[PDB]
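Only one protein chain is missing; all other protein chains are in place.
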Amino acid sequence: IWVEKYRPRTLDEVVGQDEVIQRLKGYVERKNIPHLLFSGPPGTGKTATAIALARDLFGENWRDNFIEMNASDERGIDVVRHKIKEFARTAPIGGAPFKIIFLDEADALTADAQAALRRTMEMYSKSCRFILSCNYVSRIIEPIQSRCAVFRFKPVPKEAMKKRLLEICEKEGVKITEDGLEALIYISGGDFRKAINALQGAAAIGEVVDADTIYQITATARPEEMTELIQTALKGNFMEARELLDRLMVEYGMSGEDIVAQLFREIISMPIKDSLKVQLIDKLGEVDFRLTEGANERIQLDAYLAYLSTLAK
Amino acid sequence: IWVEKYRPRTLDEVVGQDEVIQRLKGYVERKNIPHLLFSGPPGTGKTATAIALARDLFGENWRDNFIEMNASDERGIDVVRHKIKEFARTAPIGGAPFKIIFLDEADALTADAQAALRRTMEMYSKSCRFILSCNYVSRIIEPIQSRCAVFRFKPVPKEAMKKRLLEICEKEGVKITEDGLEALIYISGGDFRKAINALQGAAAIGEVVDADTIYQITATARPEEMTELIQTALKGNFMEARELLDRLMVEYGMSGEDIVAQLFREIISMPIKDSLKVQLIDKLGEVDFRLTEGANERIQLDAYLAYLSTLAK
Amino acid sequence: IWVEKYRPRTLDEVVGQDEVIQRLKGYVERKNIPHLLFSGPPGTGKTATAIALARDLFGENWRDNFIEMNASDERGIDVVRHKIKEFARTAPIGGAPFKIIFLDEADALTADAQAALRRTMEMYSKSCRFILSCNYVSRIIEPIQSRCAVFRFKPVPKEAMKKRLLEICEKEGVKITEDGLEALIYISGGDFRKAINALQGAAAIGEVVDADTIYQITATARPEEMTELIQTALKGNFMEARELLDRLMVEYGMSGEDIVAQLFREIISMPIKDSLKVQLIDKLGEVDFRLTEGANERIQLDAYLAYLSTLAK
Amino acid sequence: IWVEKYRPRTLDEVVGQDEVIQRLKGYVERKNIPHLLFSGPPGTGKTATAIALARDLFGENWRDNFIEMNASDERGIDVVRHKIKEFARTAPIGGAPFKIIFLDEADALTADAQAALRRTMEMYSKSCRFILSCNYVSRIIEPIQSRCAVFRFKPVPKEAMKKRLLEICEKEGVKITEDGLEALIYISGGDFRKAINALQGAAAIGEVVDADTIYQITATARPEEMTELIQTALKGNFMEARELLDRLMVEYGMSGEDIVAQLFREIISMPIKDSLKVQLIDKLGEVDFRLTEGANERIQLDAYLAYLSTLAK
Amino acid sequence: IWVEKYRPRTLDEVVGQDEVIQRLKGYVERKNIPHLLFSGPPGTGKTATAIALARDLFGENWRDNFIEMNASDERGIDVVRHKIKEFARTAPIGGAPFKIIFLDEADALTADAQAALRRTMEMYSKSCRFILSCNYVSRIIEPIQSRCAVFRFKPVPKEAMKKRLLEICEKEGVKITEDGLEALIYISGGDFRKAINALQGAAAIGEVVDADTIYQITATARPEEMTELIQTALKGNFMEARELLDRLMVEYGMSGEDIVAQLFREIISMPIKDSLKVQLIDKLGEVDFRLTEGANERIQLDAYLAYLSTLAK
Partner (left out) sequence: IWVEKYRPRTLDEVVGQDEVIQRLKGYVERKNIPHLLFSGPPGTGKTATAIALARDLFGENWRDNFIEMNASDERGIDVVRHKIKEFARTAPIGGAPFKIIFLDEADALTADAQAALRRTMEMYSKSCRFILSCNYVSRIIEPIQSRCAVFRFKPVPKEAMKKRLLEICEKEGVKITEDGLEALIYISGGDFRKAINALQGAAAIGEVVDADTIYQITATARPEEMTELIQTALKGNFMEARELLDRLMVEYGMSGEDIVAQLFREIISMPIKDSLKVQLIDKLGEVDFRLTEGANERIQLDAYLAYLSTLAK
C-alpha cells in the first residue's frame, strides 16, 4: 500500500516543503499550535505533515487524539461535535498541553458551517486545535484565516521528489531507469500520491521500470507520439493523424480531457513560432470547451486534427 | 437472452482481453485479490470477467457472496452498507479466505462517496474486496487508484467478436449471412452487449439474418444511403440531398446527434482525399457543436448539406 | 497590538460613521439609551462605538459595568444571567442612571434565545441596556427590532479610513507612500482590523511602506505583475506571458477564479482605450464562464493569453 | 385576511376604475350582461368587480351561481363543463333571467380551448354568461373579443390606494406611519393584492408599521441602499459597490432579475441628467438580457458596476 | 353580434376577393366542387365564402348538410367520421348531387391525419367534398394540394372594406367620420373580424365615431403620439420619452409586442433617411427578440428609448 507505508513519520521526513516545515518545526520546540491552515494542490503533503506534525508532538500517543475527517460531507460537522467534547475534556496523556483535529476539503463549505469552528477556538485554545486543509486559501472566508497561521504547499520540486522516489525503490528492490524516473514525474504533476501510486503499479509488474512502462501504466502518450501526431497533422496527412490518435487512444485509453491535456503540453513545448502556437492553443481552448459542454469526443478531436491540417499552406 | 446465456463462465472464456486475464489468472492460483479497478469502453467485459473472476475462485458458491450494484444511484452507497456487514462477517463457505463486491459506473460519483470505500478496505482486506468498473481511469480520484490493482479493457477486435458471435449462433440455430455479421458490427461499435442483444433481436424474428434485418432492428441508416447523400450533396444537388436526409431521418427517426454521428463515420470512410475530408470534418465539428448548444436541428443539418454543395467547384 | 491600542476612546474618535455617531451623540447629552441594534459588515466599528458609547457615558468607570460577550456560543445566554442580576442591582457609581451589555453575533441565534432578552428589557430599562451587533438587521426577529433603536454601519468609505490610517502613522513614525496607502485599502476591503493589522505588519519591517511592501505582507499578486503579464501578452510574446502567469500562479497559488478576478481588475484599471477594453472583458467574461462550467483551468487561461496575442495587429 | 375581508361588496365599492364601473353600472339597471372581457394589470380589480358585478345582480344569492376558476389549468376546461350544464338548466332563483362564470388568466390558452366557449355563448345567452380576465386584450384571439363587451382596467393611482389602505387600517386598529404607507406602495407596484397582503403581514406582527417593517416583510432593498450603491459605483469605488450589492443580495436574497429591477427603478428616479441616465439604462438593458439568456449573475452584475465606474471621468 | 349578423349570405356578398369569388362562381353554374383549399390571413373570408359557397348551392337547406369543424383539435378527426357516413349516405335533398364539410386550421396537423382525408375523396367525390382552410398553402403536404382546387385569400383591399364598413353603419345608424373609417383600417390590418368587431365596440358607446374613439377601443396609440415619442426620443429627451410611452401604455394598455409593433410602423413611415431608419429597425429587431425570449418589458422598452437618445449626436 505504498502511499501509506511511506507516510512520513516526522516533519523532517516530509519533503519539498522546506518553506512550510522549516517554520512548522519552530512550533514543536515551543509546543505552540495555533489553528493551522494548509493550502495547496492535492497530493503534496497537507495530510502528511498534518500527521507528522501531530506525530512529532505526541511521540507514540498521537493516534489516540488526532482524527482526520472530511469537511465536505455536510451533515456531520454537527455529528462529529461529540468527538469535540470528549477530546477537549481529555488532557494530553504524558506532559503536553494541547490537542489536534484535521479537516480535509475545508474549502467546500458555504459561509455558515465555517463559523461553528469559532466557538471551540476561543473555548479550546487552552486544549483543542484545528488544521484546515484547502485547495486554495482564497476560498476560506476571512473570519477563519483570521484565526489561522497559514501554510501554502507547493507542488513538490523535481529533485526532492526524484530523491524520495529512489529511496522508495532501493528499499523495495525495484529497478527504475533514469528514463522511468523523469517520466514518473512528467506524470506526477508534482503530486506524490500520483507518483508513488504509479511507481507501485509499475513495480507490481516485471522488473525493469522503463520510461514506457510508466507512460503505459498511467495511460499517457509517449511525448514522442503526441508531437508526432501533432506534426503529421500539421503536415497535411489528416487520415494518418486520425489513425494515430485512435491507436493512441486505445494503447493507453485516455479520456477526451486527457488527450486534450497532453495535446496542450506538447503544443506548448513544440519549438514552433509564438505566432502559430497561438492559433493552435486558441482552437484547443475551443475544443476543450466543446467537450466539457458534452459534445462528441471522437468528432471534436478529429475535428481538431482537421483544424491543424488546414494550416498546411 | 443470449447476452447472458453466453456470459463467460471462466476467466479462460472471456476473450480479446489476454492483456488483463493473463495476469488476472495469476490471482486465482495464489487466491489473492486486491481491490480491482476495471476500466474501459462499455461492453468489453468488465462485468463479465468480474463475474468469471468471482466464478473461478468460488466454484459453485459465487452467487451467494458476489453482488453487483450500480454505483451511480447516489442514495444507496449507504443503503447497501448493511450488505457490507453480513457479507464481511460470513466466512467464504468451503475453504477460501476472501469475498467480492462489484460496482458498475464508479466514475459517476463526486469525491465524497468515493472515500466511504476506504473504511472497509483496511477493515476488510482480510475478508472483503471491491471491483470498480469505470469508463476511464482518469475519472476516479487518486485515493482509490491508490488501493487498486488496475486493468484497462480494450475494445475487442473485429474477428474475435465475429467468431464469438457465430458460436452464439451455430449453438442457437440462427442463420446469419456474411452481410449480417459485418453489419452486426458496424452496429456493435465494438461493444458486445449491443452486438449480442441486437443479434438476439434478429434471431427472435423469422429465420435468415440479413445485412438489413440488422440495420432495421437497431434503427440505423444503411451506410449506402449516407454515402449516397453525402455524394449527391457534393455533386451540387442540394435540394436532392435535403430530400434524402429528410426521408432518411424519418425512415429510422434518428436524433441530430445520431445523424451527425453516421455523417462522420461515412465521411471518414469515404475514399476521398485527405485534403477535402478535412474541410468536411472541420465543418461537421462545427455543426455538431451548434446542435449541442441547442440550435436548430433541421437548419444546421441542411445548412451543412449546403456547405458540401458549395465545394462543387 | 494596534487594532486595540487604537480602539477609539470616544464617539468623536469613531470615523466614517457620522450617520450613526452624529445621532448616537444625541444620546449622551440626554443620557438616554434604548437598546441599541448595531448592524453592518464586520470590522466597521460596532464593537468600537459600542465601547466609546459606553466610554462617553461613564467617564473612567466603564470597564467595571460594560461586558461584551459573544451571543452565538449557545449554552451561555443562560449562564451569563447571574451577571445580569449583580449588574442590574448595582447603581452606576457616580451620578448616572443606567448600564450596558454588548452582544456580538446576535444574528446567529434561532427565535427562542432572542426572547429571553425581553424579561430584562421592561424589567431593566430603569437600570440595564443591551447593544446588539449583527451582520444584517433582517436576521433579527421582529419582536426585538421592536424594542431597539437601530443603527446601520456602512463599510468605512475610502478617505475616512485613509485619513485615520495616516493619523495611526504620523503618530507612529512610519512612512507610507501614496501607493502604500491606496494599496493598504485594496487590501482592507473597507475593514479596519484587516487594514490596521496589515499596516502594523509593514511598519514592523524596515522603513518606507511601499505599494509592494503591502501586497507582500498580506500575500497577493503584485498589481505590477498582472499588468505586466497582460501587457507582454498584448505585445505578442505568448510563451513569455504563459510563463509569467504560471510562475505567478504558484508564487501565490491562486484559483482560476482568483486569477480571472485580478485579470479583470487590472484589465479595467489599464489606461487603454474604452474600445479595446471591451474586447478584453467580453472575452474574460467568456473564460470565466468556461471555468465555472468546469472546463480546464490551465487551458482556458493560457487560451485567453492566446486571445490577447492575436490583437497584436 | 384583509385582501378578502375588504373585497368590494358592490360596484360602487370598487375604486379608481370609474372608467369601467360607470358603464358597468348601466348593465345592472337593465339587467343585461354580454360576455365580459376584463383586461388589465394584475391586482386592479377584475376579480373584484367581477364579484361585485355578480353581487349587485343577485343580492344575497350570488355564491350559489357564480364560480371563479383559473383558465390556465389546461385539462379542466372540459372537466368543468358539467358545471356548465347544471348551472345552465337552473333558473336564477328569485326574479332574474341570467347567470355568470368567471375565468381568470384566460390569456394563457392557445387558440383551441378558446373556441369551446362559443357553443355555450349562443346556446346560453338566454341563461349563461362568461367574464374573461386577461393581462392584455391583444392576447385573446379575435373570435372571442367578437362576442365580448370589453373593459380595460387601469392601475389604480397612488392616493386612491393610499386612502383605501388607511380605511383597511383604521378599521383594523393598525398603526401605519406615513413612511409605511408610501413604502407599502413602492412595494405594491399599483397592485392591491400585493399591497393589502403585505400590510396584513405587517399587521400580524407587533404594532407600529414602519417604512422598514414593510421593506422587510416583502424582502426588498431599502431604496436608500440602491441609490447609495449606484452612487458609490459612479464615483469610482468599484470594490466598495461590489461589496454593497453582495451584502445587499444576501440581506434580502434577491434574484438577478430582482436586483436588475430595482437597479432600474432607482436609476430612473435618480436626479441625474437625461443624458447619462440613458447610458446607464441602455447598458442595464444589456445586462438584463445577458442574465435571461442564462449568463452568469455574479459576473454580469459586478460587470455592470464595473460599467458605472468607468464613467467616473 | 355583428361579425355574424353580417356573414355574407351569397358569394356576390363576400368582398375584396374577386380573385377567388369570380372563379368560385363558375362552380355554382356547373354545380361542380372539387375539394377546396382556402388559404390566406385570418379574418379575410375563408369561413365566410365557404358558407356563402355552401349557401349558393343549397338555397335554403345548407345548415342541414354543411358542418364546420376545427381540424387542430387532434383526437376528433376520427371522432367526426360517423358524421362522414350519415352525411355521405344522405342525398342532397331537392335536386343537387353533392355535399360539403369545412375544416378550419388544417395547417396545424402533422402528415398522418392529413392522409385520412383521402379515403373519402375517391370514395366520396360522387357525394362528399371538403373545404380546407389554412393560413398558408405551403404548410399542407402535397398529397392534398394534389386533390384540391386552391384559393389564396388576400387581406381585404382598402375601398372594398371601407365600403362594406359603411353599409354596416348606415344600416345601424352609427356615425363614423372619415377619420374613424381610415383609422378603423389602420387597425383592421385588412382583417374584417378585427374591423367589424372594433366598429361594433365604438358603436356600443355614445354616438359620433371619431379617429380616436377607434384608436382607444383597440388600444393602439394615435399615430401622432408614437411619432412624437420616437421624435422626442431622438431629440435626446430620454426622461420625457419614457414618460410618454408610460402614459401611452396606460391610456390604451398595450402589450410589449403591441408597442413594439406600432413602434415599427411609425419608424417605417417616418420620413427620415434610409440610412438611420436601418439603425432604428435593426435595434427594434433586437428589442422585439429580447421580449419574446421573456426578458423585461419595461426595461427593454425604455432601454430602446435609451438607444434612440444616444444617436442625438
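Each chain carries a letter (A, B, C, D and E) given by its place in the written order, and its residues are counted from 1.
Here is the rule we use: a residue touches a chain if its C-beta (ideal position, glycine included) is under 8 Å from a C-beta of that chain, and two chains touch if they have at least 3 such contacts.
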{"item": "Absent-chain contact - pick from E:115, E:204 or E:311", "value": "E:115"}
{"item": "Selected residue (touches chain absent from view) among E:7, E:147 or E:152", "value": "E:152"}
{"item": "Chain E, residues in touch with the chain not shown (by the definition above)", "value": "39-41, 115, 118-119, 122-123, 135-139, 142-143, 152, 154-155, 257, 260-261, 264, 268, 274-275, 277-278, 281-282, 284-285, 288-289, 292-293"}
{"item": "Interface with the undisplayed chain - residues on chain B", "value": "205-207, 212-213, 216, 219, 228, 232, 237-240, 243-244, 247, 250-252, 295-296, 299-300, 303, 306, 309-310"}
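Everything below uses one rule, namely that only the chains that are shown with their structure count from here on.
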{"item": "A-C or C-D - the one linked by more C-beta pairs in contact", "value": "A-C"}
{"item": "Identified repeat of the A-B interface (over half of residue pairs identical), from C-D or D-E", "value": "D-E"}
{"item": "Approximate Å spacing (C-alpha centroids) for the pair chain B, chain C", "value": "56"}
{"item": "Inter-chain centre distance, chain A versus chain C - centres from mean C-alpha coordinates, in Å", "value": "34"}
{"item": "Chain A and chain E, separation of their C-alpha mean positions in angstrom", "value": "69"}
{"item": "In chain C, residues with contacts to at least two other chains", "value": "189"}
